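Next up is one chain by itself, shown in structure tokens, the form deposited without the ligand.
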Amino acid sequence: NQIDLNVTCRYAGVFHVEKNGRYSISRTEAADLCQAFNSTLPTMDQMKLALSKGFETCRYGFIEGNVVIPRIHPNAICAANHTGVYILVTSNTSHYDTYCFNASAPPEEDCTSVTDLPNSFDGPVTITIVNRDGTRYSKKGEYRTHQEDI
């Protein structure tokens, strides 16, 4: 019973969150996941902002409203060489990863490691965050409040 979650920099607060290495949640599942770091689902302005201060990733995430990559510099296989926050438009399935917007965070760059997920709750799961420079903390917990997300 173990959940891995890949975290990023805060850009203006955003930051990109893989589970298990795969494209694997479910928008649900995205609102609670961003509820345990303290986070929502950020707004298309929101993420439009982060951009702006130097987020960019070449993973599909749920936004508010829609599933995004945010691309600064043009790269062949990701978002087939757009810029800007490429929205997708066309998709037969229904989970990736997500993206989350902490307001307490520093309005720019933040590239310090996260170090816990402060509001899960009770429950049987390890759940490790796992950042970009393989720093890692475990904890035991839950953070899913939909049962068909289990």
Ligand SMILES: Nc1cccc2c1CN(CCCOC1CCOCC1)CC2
The other form holds:
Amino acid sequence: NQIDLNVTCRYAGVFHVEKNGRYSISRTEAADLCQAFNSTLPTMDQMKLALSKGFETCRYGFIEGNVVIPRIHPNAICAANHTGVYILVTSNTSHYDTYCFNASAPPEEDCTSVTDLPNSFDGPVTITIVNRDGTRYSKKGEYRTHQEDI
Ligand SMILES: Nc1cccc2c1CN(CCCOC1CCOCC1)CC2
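We have the form deposited without the ligand; now please give the form deposited with the ligand bound.
Everything in the complex follows now, all chains and molecules, and the chain you saw is the first one.
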């Protein structure tokens, strides 16, 4: 019973989380996952500020209200070469990665590793935070509050 959470640097508190190396998070699970990081889904304004501080990914993820990809540099295989906060308009499907916003993070780029999942609850799952530099932090717990996600 294992979940891996790959996390990015934070930019103005905003970061990206990918579950188990594939698009696999529902909107309800996304909210719960951010809550486990003492975080919330970012607003569009929070995401725009993060983008301005250097945040970009090549992955769709939830924010409050939309599914987006922040892009700084045009790349043909990331958000169809767009820059800015690219908003997904048309999709059949419901599972993506997520973004999260931590108000207590530093104001600009924080590329230190994440070494805690401070608001996980008691549970049976081995949850492993995986940083981009490979450093890991694991704990037994749960974060999902909706049965249809479990
Ligand atoms: N942040 C982090 C921490 C630990 C592991 C990983 C990450 C970030 N993942 C980046 C995934 C990028 O995939 C792109 C999307 C499709 O085009 C190829 C690149 C790759 C795996």
